[PDB]
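One chain is shown next in structure tokens, namely the form deposited in one PDB entry.
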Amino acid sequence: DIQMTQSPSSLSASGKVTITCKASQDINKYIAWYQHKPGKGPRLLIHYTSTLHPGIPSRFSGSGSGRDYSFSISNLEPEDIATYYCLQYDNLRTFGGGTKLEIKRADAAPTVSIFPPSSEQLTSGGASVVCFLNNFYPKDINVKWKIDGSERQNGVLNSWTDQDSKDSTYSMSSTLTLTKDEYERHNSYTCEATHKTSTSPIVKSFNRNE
């Protein structure tokens, strides 16, 4: 009926971030801005574009009119790292796409480790090769698996931790999952990590013959 687009989907500054939001129709100032967190319900901060909600810190600062709107936090001391939703309510209800915040910090290279399948697993006819990429920044990183020199996309499962609280880095796990006898048809296994901290991949590997 009536569309909401909230830019950007995520951003990093350590600061003063502001979020935008534009609407299909103009909604006569009926927007609200929510702050969402793990397991909690979305807490309301600002309603009617600008009016702060009874009992909220005075650094949050929505703004705008017509089709176009703004939301700004002053400074994310420290609680305010979380996800943020704009909501129109001029006519029915529509949430924006959301904005996830991270804590921008210094670039960090990942610590990378490859593990072969365990003996226990092989006895079950399966084989998982696992690769940790730990404590790196920023979050985006690309992992590539190579078997005997050749890329294998098929059967790769990837998982990122949340941003660490103590050093604000990320960690990621990557698993190449094979059948046992497939695994025994090859010798070399490699995960290689590309990341902003490298113009040249981190490469951990092993050979079954060793």
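Positions refer to the first chain, counted from 1. Compared with the form deposited in another entry:
- Rigid-part rearrangement between the two forms places its hinge, out of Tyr34, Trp160, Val143, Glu102, at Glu102.
- A rotation of 30 degrees carries the smaller rigid part relative to the larger between the two forms, according to C-alpha superpositions.
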Contents of the next structure:
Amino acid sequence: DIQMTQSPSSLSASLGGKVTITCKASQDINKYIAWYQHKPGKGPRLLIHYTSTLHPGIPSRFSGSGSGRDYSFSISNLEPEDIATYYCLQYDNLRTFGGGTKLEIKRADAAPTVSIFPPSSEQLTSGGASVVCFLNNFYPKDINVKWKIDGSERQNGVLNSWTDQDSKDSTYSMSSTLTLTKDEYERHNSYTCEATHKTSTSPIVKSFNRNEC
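Beyond the form deposited in one PDB entry, can we have the form deposited in another entry?
Next up is only this chain, free of partner chains and other molecules.
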């Protein structure tokens, strides 16, 4: 039945700025459209119903407009806690959600704080060896991590994971984990993780030496 074409699928805007999301319905939905904010860890929150009606308690910098098949939703005076995914919803005939729009706040670029950790003595008893590198509080999200063993680049056994954007300082963090067997780990002595980010042409390098302790 009724399809809801929500665009763009992602948005990036600066503090104090304004964004607009478009929703296009496949048929006339007679102004029965609603808009929701969804943060990871919470249930959806109603912002606007019947095209433009602000739900009491929602800041008036949230707004909606449109009629027929064409609708829009806007947020002005953007704040860091506006980071979320937003959805339109038609309720003219049963219910259909749009595909969602993920909103990023654009802060000043920031370089990562980088930390490297050897495998724990506890883990080594299992026969496995995870080397962990944290790259914390950077912006933008795009970043490159390079592992070196004895100064030679290593590409297998690496697993990376990014946090969501932080609702308060608008930064990202990421972890990179290199997992080896204990025997391979103990065949080499130098372990390095190198972070390359647009904030500098120079990588940020953190290393340790594996010795007998």
